[PDB]
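Okay, here we've got a single chain as C-alpha cells, the form deposited in one PDB entry, with questions on binding and movement later.
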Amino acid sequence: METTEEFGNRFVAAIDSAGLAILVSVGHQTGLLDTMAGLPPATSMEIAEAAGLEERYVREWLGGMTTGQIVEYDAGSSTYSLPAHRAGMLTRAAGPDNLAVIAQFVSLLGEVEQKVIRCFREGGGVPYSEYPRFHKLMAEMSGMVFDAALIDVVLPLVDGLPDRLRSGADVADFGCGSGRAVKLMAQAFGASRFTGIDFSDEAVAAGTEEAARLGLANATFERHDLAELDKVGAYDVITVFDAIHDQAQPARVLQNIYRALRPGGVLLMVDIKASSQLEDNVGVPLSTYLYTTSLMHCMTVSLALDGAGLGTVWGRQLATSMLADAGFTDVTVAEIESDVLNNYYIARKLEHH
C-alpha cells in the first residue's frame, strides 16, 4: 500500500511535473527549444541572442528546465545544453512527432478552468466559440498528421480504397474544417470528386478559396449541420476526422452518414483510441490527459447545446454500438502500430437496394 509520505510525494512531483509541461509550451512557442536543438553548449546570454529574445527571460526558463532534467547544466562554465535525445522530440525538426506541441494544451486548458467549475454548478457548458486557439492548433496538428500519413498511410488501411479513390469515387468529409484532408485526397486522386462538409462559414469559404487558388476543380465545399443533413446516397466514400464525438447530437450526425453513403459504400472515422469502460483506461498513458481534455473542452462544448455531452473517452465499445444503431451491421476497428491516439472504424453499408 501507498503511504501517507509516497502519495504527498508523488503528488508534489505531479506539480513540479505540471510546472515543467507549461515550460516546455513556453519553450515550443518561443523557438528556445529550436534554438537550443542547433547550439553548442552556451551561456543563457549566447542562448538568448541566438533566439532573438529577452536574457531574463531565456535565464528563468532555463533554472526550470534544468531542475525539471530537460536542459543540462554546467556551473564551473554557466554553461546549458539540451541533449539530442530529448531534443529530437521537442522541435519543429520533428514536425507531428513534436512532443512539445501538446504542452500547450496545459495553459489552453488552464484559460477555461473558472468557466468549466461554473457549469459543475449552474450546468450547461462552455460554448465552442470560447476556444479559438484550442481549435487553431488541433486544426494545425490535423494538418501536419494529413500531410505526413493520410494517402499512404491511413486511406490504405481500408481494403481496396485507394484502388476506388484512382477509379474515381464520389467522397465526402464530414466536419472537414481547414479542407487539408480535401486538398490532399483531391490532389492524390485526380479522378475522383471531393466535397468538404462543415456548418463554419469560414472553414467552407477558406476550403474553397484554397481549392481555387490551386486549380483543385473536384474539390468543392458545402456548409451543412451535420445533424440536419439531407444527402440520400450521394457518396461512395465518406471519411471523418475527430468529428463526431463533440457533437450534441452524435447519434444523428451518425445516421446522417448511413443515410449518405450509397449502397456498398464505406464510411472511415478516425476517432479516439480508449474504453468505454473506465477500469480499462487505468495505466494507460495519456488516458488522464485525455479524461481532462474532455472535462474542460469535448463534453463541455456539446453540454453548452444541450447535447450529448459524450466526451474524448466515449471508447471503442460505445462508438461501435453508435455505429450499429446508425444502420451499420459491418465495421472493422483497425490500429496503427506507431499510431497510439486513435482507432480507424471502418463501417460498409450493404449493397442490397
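Take the two forms, superpose them, and find the largest set of C-alpha atoms that agree within 1.5 Å; that set is the rigid core. Numbering follows the first chain given and starts at 1. Compared with the form deposited in another entry:
- Just a single entry of 106, 240, 237, 216 exceeds or equals a 2 Å CA shift between these two forms, which is 216 (rigid core superposed).
- In the core-superposed comparison between these two forms, residue 202 has its Cα shifted by at least 2 Å.
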The other form holds:
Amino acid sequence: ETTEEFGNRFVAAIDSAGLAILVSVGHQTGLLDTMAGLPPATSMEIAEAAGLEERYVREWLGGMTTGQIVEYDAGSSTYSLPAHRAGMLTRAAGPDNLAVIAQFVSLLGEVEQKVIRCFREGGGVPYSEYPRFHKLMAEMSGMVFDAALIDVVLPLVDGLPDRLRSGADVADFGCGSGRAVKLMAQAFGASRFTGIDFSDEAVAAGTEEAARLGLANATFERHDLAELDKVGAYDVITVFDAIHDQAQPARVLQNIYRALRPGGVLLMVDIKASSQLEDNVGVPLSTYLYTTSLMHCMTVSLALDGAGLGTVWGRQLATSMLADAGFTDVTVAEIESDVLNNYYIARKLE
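Moving from the form deposited in one PDB entry to the form deposited in another entry:
Nothing else is written out below except the one chain.
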C-alpha cells in the first residue's frame, strides 16, 4: 500500500473502534434488544420504549447510524435496525450475538495505563483489577454452554454421555461461575459434580445457583489449581478457557493427570490459533486475541510471576504440553457452535 491508503485504513479503524464501544453500550442498555422488537421510529419513540434518556439515545443512534448498523430515514426522521443485523447483536440471537464481545473493548481500555506501566516496569496486572470480567466471561462463555455443552460438546467423547447417565465423578477446573457445572448436574442426576476456582466470586456464584435449584449433586470448592491433593478422584475433568491464564500451567496439567482415575478423560477447551505468528496473519480475531492476551490473559499470569503464555499459545504448544503432562492419547476437535476454541480430548491409560 501507499501512504494515502494507510491513513484511510487507520482512520477507518478509529471509527470502528468507536463503533465497537457503541455496540457494547447498546447491549448493556437493551437498546439493541428494544430496536429488534420495533418498526422504524424516532429518537424519542425509541428512548420511550427502552425507558431511557432520549438525549443519550439520540447520540447513540447517530454513531450507530454513521457506522452503518442503524438506518435512519432522512425524510421521516426515524431510525431502524436492519433485521439481518439484529440477529447478530441481540440477546435473542443466543450464541450469535456479537454485541457481547464488544464489552471487552471498554474493559480492556480500563487498564491501558496500568498495562503500559508494565512495559516499563515488568510484573503484571492482577485479577482484582478486573472486577467486571467475571460477568463478561460468564456471559461470553454462557452463550456457548447453553447452546452446545450437553448436546454438542460432551458427545465429542465417545460414551461420555452414557457414562454420565450411568453415574460418574466429574470435575470442572477453572469453573468460573459454575454454569457448565449447573447444566451438567441437572442433566445427569446420577453423576456428582464439583467445580473448582480460586476466586471467591465465582465459587460464590456457582455455589449459589445450586443452593437455589437444590442440585445436590453439584458442590463447589475453592482451590488454586497449581496445588491440589486430588489423586485418582475423577472419571472426567473439564477445563474451559482456564489453562492459558494460569501462572503455572504445566503444573496444573500434571495436577489434572494425577486427579484422573486411570482410563479417565480430560476435556480442555482453549483458544484456537497457531503457536506460530505468521499462521495467524489475516485470520479473523487474531488482533483481538493478541490484544486481550496483552491486556489480560498475558498479564494476569505475569502478575504472579507466572508463565504468561497468553491467549495465543496455540495448538502446537498446547498439545505437546498435554504430552508432557502424561497424556499419550490426545485429539483435537472443533465445533461450528464455537469458532474461538479448540476442544482437546486427552486420555489417561488404564
